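In structure tokens, one chain follows: the form solved without the named molecule.
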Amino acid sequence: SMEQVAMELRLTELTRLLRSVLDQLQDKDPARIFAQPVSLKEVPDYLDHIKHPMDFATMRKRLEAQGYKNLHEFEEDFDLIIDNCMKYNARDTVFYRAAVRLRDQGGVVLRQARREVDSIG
């Protein structure tokens, strides 16, 4: 139907905007701490600690499958990256500190993305 196509165009355009959002957020992680899944070879007990792992590569796979229906879903996954790190790692670690800086810096990017998604429908 024409309605299904129109909805598919809306999803494609959301995916384009979320792709730019993801690039901007990932630039705020220049050390690449959050680039890939925590390795279960190197941290074999990770899943005993963290029930829903997340990382930027895993978000990118979901994005390119047009797997985000709205910005809330995408933010949920970004928040898991931060929140998982801040639980697994102690305050006095490079990992925790990197998450705090990602959170603070990403908030700015996400504040305007919310406006762009509400504005452009």
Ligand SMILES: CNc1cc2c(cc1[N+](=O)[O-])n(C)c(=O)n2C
Second form
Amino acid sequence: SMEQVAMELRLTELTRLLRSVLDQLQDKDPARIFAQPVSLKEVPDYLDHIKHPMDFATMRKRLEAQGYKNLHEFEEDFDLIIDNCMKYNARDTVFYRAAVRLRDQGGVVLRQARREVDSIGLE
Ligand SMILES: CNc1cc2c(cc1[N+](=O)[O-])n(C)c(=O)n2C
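Okay, that was the form solved without the named molecule. Show me the form solved in complex with the named molecule next.
Shown next: the complete complex, the earlier chain at its head.
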């Protein structure tokens, strides 16, 4: 149906916007601390602590499968990256502090993204 095609176009447009957002967020992580899943070789007990691991590569895979239906779902995964890190690592660590900085700098990007999704009507 034409309605189905229209819905699919909207999702493709949302995916394009979220791709730009993801690239911008990842730019705020120049150390690439959040680029890949936390290694279970370097951190053997990680899954005893963190029940829902997340990272930018995993988000990008979901993104390109058009697996984010709205901005909220995308933000939930971004928040997991940050929140997991601030639980596993102590305040004095380079890991915790990277998550704080990514959260702060990312908030700016996500604030305008919400405005764009609403205004253009992508969900
Ligand atoms: C980039 N590498 C990395 C990233 C981590 C991490 C451990 C490593 N590691 O290599 O051992 N932990 C515990 C963590 O929370 N993050 C975000």
